[PDB]
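K.L.:
Below, each chain spelled out in residue letters.
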Amino acid sequence: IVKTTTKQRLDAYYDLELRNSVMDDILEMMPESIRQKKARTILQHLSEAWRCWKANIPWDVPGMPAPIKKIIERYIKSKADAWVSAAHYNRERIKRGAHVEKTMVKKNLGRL
Amino acid sequence: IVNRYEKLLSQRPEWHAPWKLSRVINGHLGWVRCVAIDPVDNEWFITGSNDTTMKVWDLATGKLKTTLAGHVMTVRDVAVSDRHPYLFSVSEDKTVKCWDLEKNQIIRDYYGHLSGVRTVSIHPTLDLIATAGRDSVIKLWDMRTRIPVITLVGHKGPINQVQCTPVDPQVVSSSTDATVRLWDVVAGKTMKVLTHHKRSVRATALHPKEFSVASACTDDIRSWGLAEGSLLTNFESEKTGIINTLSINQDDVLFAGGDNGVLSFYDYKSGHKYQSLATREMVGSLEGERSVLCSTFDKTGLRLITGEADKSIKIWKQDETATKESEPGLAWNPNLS
Amino acid sequence: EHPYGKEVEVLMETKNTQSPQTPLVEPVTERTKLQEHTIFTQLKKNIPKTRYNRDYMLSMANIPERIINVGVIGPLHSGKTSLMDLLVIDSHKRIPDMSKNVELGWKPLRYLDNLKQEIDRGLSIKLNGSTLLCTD
Amino acid sequence: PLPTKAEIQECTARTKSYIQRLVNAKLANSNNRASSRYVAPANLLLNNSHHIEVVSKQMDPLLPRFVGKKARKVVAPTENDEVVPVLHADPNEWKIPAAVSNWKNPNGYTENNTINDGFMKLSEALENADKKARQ
Amino acid sequence: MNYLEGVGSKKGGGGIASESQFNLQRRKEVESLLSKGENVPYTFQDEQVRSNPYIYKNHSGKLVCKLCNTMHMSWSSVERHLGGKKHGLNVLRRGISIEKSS
Amino acid sequence: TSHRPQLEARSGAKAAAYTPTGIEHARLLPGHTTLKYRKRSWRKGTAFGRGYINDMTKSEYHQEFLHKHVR
Amino acid sequence: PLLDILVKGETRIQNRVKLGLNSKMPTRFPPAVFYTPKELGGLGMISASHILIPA
RNA sequence: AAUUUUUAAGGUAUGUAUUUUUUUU
RNA sequence: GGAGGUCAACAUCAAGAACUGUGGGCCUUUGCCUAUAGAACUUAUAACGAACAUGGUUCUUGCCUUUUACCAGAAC
Ligand SMILES: Nc1nc2c(ncn2[C@@H]2O[C@H](COP(=O)(O)OP(=O)(O)OP(=O)(O)O)[C@@H](O)[C@H]2O)c(=O)[nH]1
Ligand SMILES: [Mg+2]
Ligand SMILES: [Mg+2]
Ligand SMILES: [Zn+2]
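Line by line, the protein sequences give chains A, B, C, D, E, F and G. Basically the deposited numbering = 1-based index in the first sequence + 740. Basically the deposited numbering = 1-based index in the second sequence + 110. Basically the deposited numbering = 1-based index in the third sequence + 66. Under the deposited numbering, the residues of the fourth sequence are numbered 56 to 94, 100 to 148, 158 to 179, 193 to 217, in order. Under the deposited numbering, the residues of the fifth sequence are numbered 1 to 47, 51 to 105, in order. Under the deposited numbering, the residues of the sixth sequence are numbered 3 to 41, 125 to 135, 155 to 175, in order. Basically the deposited numbering = 1-based index in the seventh sequence + 1354.
Please note: incorrect hints may appear among the correct ones.
What the hints assert, rightly or not - Within a straight-line C-alpha distance of at most 30 Å, the following computed DSS-like cross-link-like pairs (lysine-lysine) qualify:
(1) B:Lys207 - F:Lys16
(2) B:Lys299 - D:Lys130
(3) A:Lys777 - B:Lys302
(4) A:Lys835 - F:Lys16
(5) C:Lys72 - F:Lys129
(6) B:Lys302 - D:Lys60
(7) F:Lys172 - A:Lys842
(8) D:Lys130 - A:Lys777
(9) G:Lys1362 - G:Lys1372
(10) B:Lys349 - D:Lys81
(11) B:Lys213 - C:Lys81
(12) A:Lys777 - D:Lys60
(13) C:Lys72 - B:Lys130
(14) D:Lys164 - B:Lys299
(15) B:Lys173 - F:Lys41
(16) G:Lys1392 - A:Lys835
(17) E:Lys88 - A:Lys842
(18) A:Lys809 - B:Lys349
(19) A:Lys810 - D:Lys60
(20) A:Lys809 - D:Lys173
(21) F:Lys38 - B:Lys409
(22) D:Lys173 - E:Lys36
Rather than coming from a laboratory, the hints here were simulated on the basis of the structure.
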C-alpha cells in the first residue's frame, strides 16, 4: 500500500525530502568516521535556521565550519522561495474568488 | 613496471580546446534540477525545476516556448525518447509520468514506487523505462501496459542514477552505498559490482561511442569498461567535491560540475584535467547558491547546457580560436603514489 | 549584466512564445489527405475502369465535328446533378464510391458534387463536369 | 569496442521475448477477462522409470482461483553468493557545535553602523530655519 | 457539520483541574529551578555527592543548614544564607577545628 | 528522524503474488493501449513649482505584491 | 454586478442553513422559515435579492 | 425564454483476562 | 447430398475514397511505372448499432468544513 502524495500530506513530504537532501550533501563533505549523532545534530541546526529565517533573525552561530553554513543557507533559500511563491499563488487564487478551502486562508494570512 | 611509467610520459594526451560562457538564461523560479535535449533535431531542451514546472527552451535563440505543469513537487529527472514522441518526467512525489509531445498532455502514469524517484532511463531498443529512487530498487516498466515487469533488488541505499545499454549489462545503477552495479535483467541478478568508490556515487554518464561508463564521487571520477567491468582509467582530481554531474561529449570531452561552482573539463581517454572554471553566480545570490546541479551536451557536442542552483541556465560554448596559440591546459604532471 | 558582461547574452524569459497547443513534435504524416476539403480519388489504379475504352475516346478528340460541349442548367433541385449521375454509372463499370445503399436506390449518388461543403450543404456550389463518350 | 549490430539485435530479441512472458502471465493472473485479451509431459520421473504426463485441470470459474494464494509477509534469507571485496587538525575544524534553539527546549539538555550625514544636515536646517522664524 | 469550527476535545475526563492543584505544581517547579535540580536529601535518610553538602530537609518539610543550625523557608532564602557571612564563618571555624586534629 | 526510509525489496519479496493480491484498481484499467513511433499668476504662486536581482523577497515583482494586497 | 452579487449572497446564506441541517429540498424549507421575523421565531433575514434583474 | 431534491466518514475510545476435567516420576 | 441450429472455433470490420492477387518494365526484393484478374460485409444530412450507457486522466466550471458521492462543458 504505497500512498500517493495529496493535498493533506504534501508539506510533510516536502519536509522529509529536504532533510534527506541535506544529510546527503553534508555527509558527502565531511572526512569520514562518525555521523549518526552528528547526523541528528546537523538537522537541528537546519530547522533552527529556518525558524530564524521566518522571524527575520539573522542566524549567526559561534564556531561552525563555513561549508556547512553554506549548505544550510542554500537549502533555506530554496525553501524560502517555495514558501513565498506558494504564499503569492494562494493569494491570487483567493482574490479572484476561486475556492481556497479554509485553513489555506488562515495559513495564508500568516505567511503574508 | 615503472619502466612502463617511464614510457607513460610518451602518450602526451589529446589536446582539446577551452570552454567559455556563451549565454545565460534566467526564467526558472526554483533551482534547475535536470535537463534533457531533443535527441533527434537539437531544436530545444527541457528543464526540470524545483518549482515543479518544466519549461521547453528554444535552443537556438534561448527563448521560451511552452511550460509544462503537472507535478506537485520537484522534478528530479527527465528523459526524451529517441524513437518516440514521448517525454518521461519523474518527481519527488513518487510519480512517473509520460508526456505525449504532439498534444502536450499527460498520458500514462506509472504507479508503485514507495518513495521519491530521482532517476529515469529509457532503454534504447526495448520500449522500456527504468526508474529508481529512495526505495533502493530499480523498476523496469513496460512502456505500453504500465506494468512493473522486473524489479531489480540490490543496493542497500538510495539509488542516485540509472542508465540503459543495449547489450549486457543493460542496467547500470549507482547508489549512495558507493557501489556501481551492473545488472543482468533476464536473470534479475547482478552481473558485476564495482565497489572502488569511497563514498556515495552521485553521478554517472555513458560514453556515446566507446561503450563504457564514467562514475563520480567526492574527490574521485573513475571510468569503467562495461562487459568485463574492469576499471579502465582514473581521472586526476584535487579535492573538487562534490561532483554532482558528469557528461560526455562525442569528442572525448568529459565535463564534471561541482557543488563549489567549479566546472572541470577532462580528457576521457587519458584522465587529464585540461581546464577549470568557476561560474559567476548572479546579481543578488549567495556564494552558497553558486553550483551546478545538472548538465548535458547537445548532439553536435559543441555546446554544453548546465542548470545551476542560482535559478539560471547557462550555455557553455567552445572557443573557435583555440589551437595552441594560447590554449595550453593545466599541463600534464603525472604525480605518484 | 557585467558579471558576464561582454560576449554573453543574459536574457530573462517570462510569458511564452509558441502558443501551448502547438505540437512541439509535429505529427509526421506521409500521405496527403484531401478528405477535409473534398472527396477525391488521388491514385491512378483506383480510377473507375471505363467500359467504353478511354483510348478510343482520345481518338475522337481530333475530329472537330465529333465532340460537343454541353452544360446543364436549371432551377433548384430539378435533378441536374442527379441527371448527370445517370450517364456516369452507365458509362463506368465499377465505381468505388458506390455504397450498397446508393447502388440499390435509396440515396442518390452524386458524382458531380465532389466538394465537402456541397455534400453537407446539400447543394451545388461550384460547377463540375465530366468528359465521356456516348452513342446516339 | 561498441557492442556491434549483430549482438544488439540478439539481446534485444531474447529480452523482448522474456518480458512478454512476464507481461502475459501478469495480465492473465488478475481477475480480468477484459484485460487478458492482450496476452509438455515435462517430466521423466527420477530415473525415468515410469515417465509422466502432466495436465492442469480446469478450475470452476466461481471458486477463488489460486485457492492457496493469500497475502502474507515473508522475511527473506540472504543470497548464497558471498564476499565481494570492497577495494577502496580537521577534527577540530569539522567539529560541529551543539544545536540550541530559542524556540524549543524539549526533554532534557538545558548591530554596528552609525547614522548618516543626511540626519545631521536635515535637523540643522530645521533648527536654523526655526530660530530665524522665531526671531 | 460543526467540524467547520476546528476546536475539539479528547474523550477522557473532566478537564481543567482546581486552582489549588496548580499552585502545588508551580511551587514545585519554582523550587526545582532555583535549586538547579538538585535533590536535597532528608535528614533521616542515611547517606550522589551533594552540590554543597550541608543543606538538608528535616522530618518536617523545612530546609536546614546543619552547620549553622538555621531553618529556611525556601530555596531563595538558602541561597541568601549560603551567600551570607555567618555561613562563611562556620566553615572557617570547622576549618580550624579540623586543622587542629585528624 | 526518518533515518532509513523503507526498502522496496522487502515489499517486493512478499508472498501475496507477482501482482498484488489481485485487487483491480481503477487506474490500471487498460488505457492508451497503442504506442507511437517516431519517423500666469496661478502657475507662479506655489512654493515648489517647476536589472534582475536574484531573490524572491527583494525582487521588483514582490514589492508590487505587498504594495497592493497589504493595502 | 452589485445586484448579481446580492443574488449570490442571499442564496449562499440560505444554503448555509440548509446544509446546516441536511437538505436542499425546496419542500422542507418554505420561504416562511427564512423570512419570518425573529419575533415569530424565524431567522428574520431581510431579502433584497428577489427582484427581477434588468438583462 | 425556468431551478431541483442524497447518502457514508472526521464523536463518544482502545487494550488485557475471563465458560477449560486434574499428561505417567 | 439439401434445409436448418438464440451451436462452436478461427479470420476480418473507420482507410491518400481508403482493397488484394497476378504478368511485364526501372531499380538490384523494399520502392516506382505499366497491363491485367477478383473485390463479401461497413459508409456521404458519413458508418459495424435507424440503438446508446459507465469509468480513467488532464483542463475550465458549479455546490463549498474535508474525502467519497456529486454539477457540466472540452480534449485524449
Ligand atoms: N420525388 C423525386 N425526387 C427527386 C427526383 N429526382 C431528384 N429528386 C430529388 O431532388 C433533389 C435534386 O437532386 P439534385 O440532382 O442534387 O438537384 P440539383 O439539380 O443538383 O440541384 P442543384 O443544387 O441546383 O445542383 C435531390 O435531393 C433528389 O433526392 C425524382 O425524380 N423524384
Ligand atoms: Mg478530534
Ligand atoms: Mg483528517
Ligand atoms: Zn550555614
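K.L.:
Take the hints in turn and mark each one as holding or not.
P.N.:
To see whether the hints hold, each was checked on the structure:
{"no.": "1", "hint": "B:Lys207 - F:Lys16", "result": "26 Å, holds"}
{"no.": "2", "hint": "B:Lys299 - D:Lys130", "result": "27 Å, holds"}
{"no.": "3", "hint": "A:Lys777 - B:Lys302", "result": "34 Å, violated"}
{"no.": "4", "hint": "A:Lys835 - F:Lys16", "result": "50 Å, violated"}
{"no.": "5", "hint": "C:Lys72 - F:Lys129", "result": "50 Å, violated"}
{"no.": "6", "hint": "B:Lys302 - D:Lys60", "result": "24 Å, holds"}
{"no.": "7", "hint": "F:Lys172 - A:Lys842", "result": "22 Å, holds"}
{"no.": "8", "hint": "D:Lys130 - A:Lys777", "result": "42 Å, violated"}
{"no.": "9", "hint": "G:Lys1362 - G:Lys1372", "result": "15 Å, holds"}
{"no.": "10", "hint": "B:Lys349 - D:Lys81", "result": "50 Å, violated"}
{"no.": "11", "hint": "B:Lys213 - C:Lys81", "result": "20 Å, holds"}
{"no.": "12", "hint": "A:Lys777 - D:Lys60", "result": "54 Å, violated"}
{"no.": "13", "hint": "C:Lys72 - B:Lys130", "result": "12 Å, holds"}
{"no.": "14", "hint": "D:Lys164 - B:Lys299", "result": "42 Å, violated"}
{"no.": "15", "hint": "B:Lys173 - F:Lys41", "result": "27 Å, holds"}
{"no.": "16", "hint": "G:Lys1392 - A:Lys835", "result": "35 Å, violated"}
{"no.": "17", "hint": "E:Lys88 - A:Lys842", "result": "65 Å, violated"}
{"no.": "18", "hint": "A:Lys809 - B:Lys349", "result": "19 Å, holds"}
{"no.": "19", "hint": "A:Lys810 - D:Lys60", "result": "49 Å, violated"}
{"no.": "20", "hint": "A:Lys809 - D:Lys173", "result": "21 Å, holds"}
{"no.": "21", "hint": "F:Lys38 - B:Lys409", "result": "23 Å, holds"}
{"no.": "22", "hint": "D:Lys173 - E:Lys36", "result": "19 Å, holds"}
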